[PDB]
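This document opens with one chain alone, in structure tokens, the form deposited in one PDB entry.
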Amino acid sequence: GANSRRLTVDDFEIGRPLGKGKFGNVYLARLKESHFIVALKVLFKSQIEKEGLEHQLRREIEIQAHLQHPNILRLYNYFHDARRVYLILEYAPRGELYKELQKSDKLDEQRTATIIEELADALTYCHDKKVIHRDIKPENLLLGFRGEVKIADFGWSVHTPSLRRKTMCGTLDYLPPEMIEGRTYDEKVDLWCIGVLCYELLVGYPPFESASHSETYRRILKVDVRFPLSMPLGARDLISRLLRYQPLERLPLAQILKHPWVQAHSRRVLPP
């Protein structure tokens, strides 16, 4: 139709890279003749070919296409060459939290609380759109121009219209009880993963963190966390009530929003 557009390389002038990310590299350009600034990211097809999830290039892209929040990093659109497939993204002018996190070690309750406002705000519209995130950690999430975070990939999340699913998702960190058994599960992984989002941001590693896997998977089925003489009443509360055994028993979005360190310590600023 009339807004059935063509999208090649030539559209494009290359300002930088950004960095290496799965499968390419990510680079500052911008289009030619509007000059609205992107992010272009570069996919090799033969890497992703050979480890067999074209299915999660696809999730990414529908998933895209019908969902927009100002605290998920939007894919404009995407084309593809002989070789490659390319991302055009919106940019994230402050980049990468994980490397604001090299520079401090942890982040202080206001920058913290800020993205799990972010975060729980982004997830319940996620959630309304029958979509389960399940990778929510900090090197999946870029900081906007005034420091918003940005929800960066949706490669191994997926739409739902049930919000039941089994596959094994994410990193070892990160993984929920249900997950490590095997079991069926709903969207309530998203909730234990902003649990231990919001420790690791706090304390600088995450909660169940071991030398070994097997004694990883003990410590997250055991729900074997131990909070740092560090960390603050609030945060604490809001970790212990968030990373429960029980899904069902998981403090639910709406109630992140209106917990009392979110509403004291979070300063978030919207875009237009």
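Basically, rigid core = biggest C-alpha set you can superpose within 1.5 Å across the two forms. Residue numbers count along the first chain shown, from 1. What changes on going to the form deposited in another entry:
In a core superposition between these two forms, the Cα of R84 is the only one among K99, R74, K130, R84 shifting by 2 Å or more. After superposing the rigid core, the Cα of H55 is displaced by 2 Å or more between these two forms.
For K22, the Cα coordinates differ by 2 angstroms or more between these two forms after the core has been superposed. Relative to the superposed rigid core, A39 undergoes a CA displacement smaller than 2 Å between these two forms.
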The other form holds:
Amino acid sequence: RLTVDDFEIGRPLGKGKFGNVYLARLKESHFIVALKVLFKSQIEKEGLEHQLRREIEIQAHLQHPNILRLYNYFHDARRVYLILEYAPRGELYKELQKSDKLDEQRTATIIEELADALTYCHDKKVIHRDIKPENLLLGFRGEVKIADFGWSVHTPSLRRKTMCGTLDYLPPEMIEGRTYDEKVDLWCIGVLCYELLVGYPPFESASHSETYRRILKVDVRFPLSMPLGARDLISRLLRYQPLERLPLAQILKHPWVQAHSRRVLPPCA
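Cool, the form deposited in one PDB entry is there; where's the form deposited in another entry?
All you get below is the one chain by itself.
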């Protein structure tokens, strides 16, 4: 049914940084959305035809309050249009840049929310493979929205080999070229938790090469001011051996997460 003409454009979002993304709303109902416009020529020129399909199928299959919703897509002769959830508080990375770091309560809340979303993802055999601050948007009450699915994969077998993600967040088993499973996501939750509380990622260095070596050695250095409960959580997630890592169900029950999380569920009905 839906086409470009069923929407009124409000304003551009992100100043080109994220492509052609607009605040918009349905003309009839005034329901507010982010409309993302892709030029087919540009998709073909970058040979991203198959990545587009993948991203849409995965996003279509995921309905969770902490996962940015894809309502639908459509296309004309010249363009592909994604109808995405509008996240009105914007980018966590911006929020993080105000204070360069987050308090225990805001961090704990994000951790609980990611462990919940990723429980839902893994139960559907989706591995994200690129959890990090810059992939997260913020809802009306500050609730995390996993917003980028560029490296995501639907794998019933939970067996993959491809190098994916972002240097400071790469898990050791990927760097080692091993077969890996859903536990790559647990590693990234640990890196994220560290970065939100400290202001920088735990394996950061002047070169790609030195970062790789820090990761393989699990060279985590906690500042003295790091709260004790967060230190515990992070050390239990940043494990060399994937199966030794704290599982999502134990993340949710971790005393530090329990104590400091103030997670709210979006209304319904």
